[PDB]
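Next up: just one chain, as structure tokens, the form deposited in one PDB entry.
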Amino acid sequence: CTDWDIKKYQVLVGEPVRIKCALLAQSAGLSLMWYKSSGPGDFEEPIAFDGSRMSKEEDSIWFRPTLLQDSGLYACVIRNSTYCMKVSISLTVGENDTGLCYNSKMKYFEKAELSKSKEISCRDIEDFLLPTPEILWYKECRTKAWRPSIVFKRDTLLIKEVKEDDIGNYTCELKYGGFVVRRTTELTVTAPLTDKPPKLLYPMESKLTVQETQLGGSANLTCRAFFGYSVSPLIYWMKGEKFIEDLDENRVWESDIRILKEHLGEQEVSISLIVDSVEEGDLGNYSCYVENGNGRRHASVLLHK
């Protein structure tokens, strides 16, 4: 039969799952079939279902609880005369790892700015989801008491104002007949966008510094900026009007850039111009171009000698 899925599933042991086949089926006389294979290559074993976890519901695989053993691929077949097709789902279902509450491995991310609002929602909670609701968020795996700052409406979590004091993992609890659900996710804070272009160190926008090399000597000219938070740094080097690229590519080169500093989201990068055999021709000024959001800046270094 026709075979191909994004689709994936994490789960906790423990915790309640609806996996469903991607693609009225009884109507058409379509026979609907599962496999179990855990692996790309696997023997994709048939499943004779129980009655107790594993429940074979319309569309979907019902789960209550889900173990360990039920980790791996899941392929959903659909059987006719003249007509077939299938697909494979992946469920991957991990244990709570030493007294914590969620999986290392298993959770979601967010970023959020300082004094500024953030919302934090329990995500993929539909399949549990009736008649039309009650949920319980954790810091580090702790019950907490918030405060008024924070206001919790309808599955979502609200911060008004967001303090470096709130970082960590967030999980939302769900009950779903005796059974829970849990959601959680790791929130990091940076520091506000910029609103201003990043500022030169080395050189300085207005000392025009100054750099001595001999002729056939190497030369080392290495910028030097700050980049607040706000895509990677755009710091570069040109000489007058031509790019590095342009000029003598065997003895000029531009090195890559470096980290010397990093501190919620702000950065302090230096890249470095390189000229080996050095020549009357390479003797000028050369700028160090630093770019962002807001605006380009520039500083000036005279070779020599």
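Positions refer to the first chain, counted from 1. For the two forms, the rigid core is made up of the largest set of C-alpha atoms that agree within 1.5 Å on superposition. First, how it differs from the form deposited in another entry.
- Comparing C-alpha positions between these two forms after a rigid core fit, one residue in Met85, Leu201, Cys141, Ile159 moves 2 angstroms or more. It is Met85.
- After superposition on the rigid core, the Cα of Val189 moves by less than 2 Å between these two forms.
- With the core held fixed, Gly240 shows a CA shift below 2 Å between these two forms.
- Remark: with the core as the superposition reference, the CA shift of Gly168 between these two forms stays below 2 Å.
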Contents of the next structure:
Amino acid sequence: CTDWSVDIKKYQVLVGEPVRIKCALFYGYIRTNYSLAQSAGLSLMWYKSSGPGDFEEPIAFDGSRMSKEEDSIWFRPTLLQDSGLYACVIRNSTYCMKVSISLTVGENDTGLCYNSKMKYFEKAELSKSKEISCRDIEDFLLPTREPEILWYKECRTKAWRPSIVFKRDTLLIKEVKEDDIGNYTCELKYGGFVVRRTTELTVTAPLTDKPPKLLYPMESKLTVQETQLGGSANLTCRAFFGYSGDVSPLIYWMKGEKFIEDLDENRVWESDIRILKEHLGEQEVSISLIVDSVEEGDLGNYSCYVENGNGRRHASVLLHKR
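To test you: the structure above is the form deposited in one PDB entry. What is the structure of the form deposited in another entry?
For this one, just the chain is written down, with no partner chains and no other molecules.
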């Protein structure tokens, strides 16, 4: 049997809410859908694993809580002991394929309505619009106005400002503010069970349109560092980077046409980039240039380079004998 191990989509839910586990093989791995598999004479079976590698007793479905509907498993409601991997198997007499599906069943964090290690994550820029959605609610979706989905902030009801617009399963912030940071919770009724999903929101500056800013050393002055022959020299460059996304900051030393990071030597070398200050999501970073036994060839111009999607800037230092 060709085993695909654990599928990418993982199910994690709060003990007591209904959850339907679809078989992954149809929704990615194999081309056809369920009815066609049956028609073509293939079997579908579900087995439960406690983890990797524990081996699988078949599922003892009843018909009420743990039903085995068409192409999926339904839990109504979820139980704590339901946590585990659920292997979904398909069979010919000459063909077999299976994927396992993770199902994690957590508890409310103490005093809170979510589980910390069980949360969605989003990001938004200040002064721009963000849209938080309630997911994954596809199955508990109803085509009527009622019941409606209630949104909490820090697991508590609040009087929402009017710039915040609500539609059926989404929350819209027309202009994000630092206050809008934090844990948003959607709540839905169905079953009648209660389905809750919380997304944590982190906020950053808007995407900056300016190159980064040199501090140590400065973009005009030719600063000077004094050193002795046969000593060590730590030429530290310090720069500010605006928010350009999930990219790491590009700061590096050169020596004329020569890049330091491109030199296989034990005499000269850059340090690793240090992040000295970080605040949503703007950084002050530091990279330093080390020379361990100062030869006369070492002396002279070094220039720290700093790059961003908006540009490249550099500042120079002169290294010289005492």
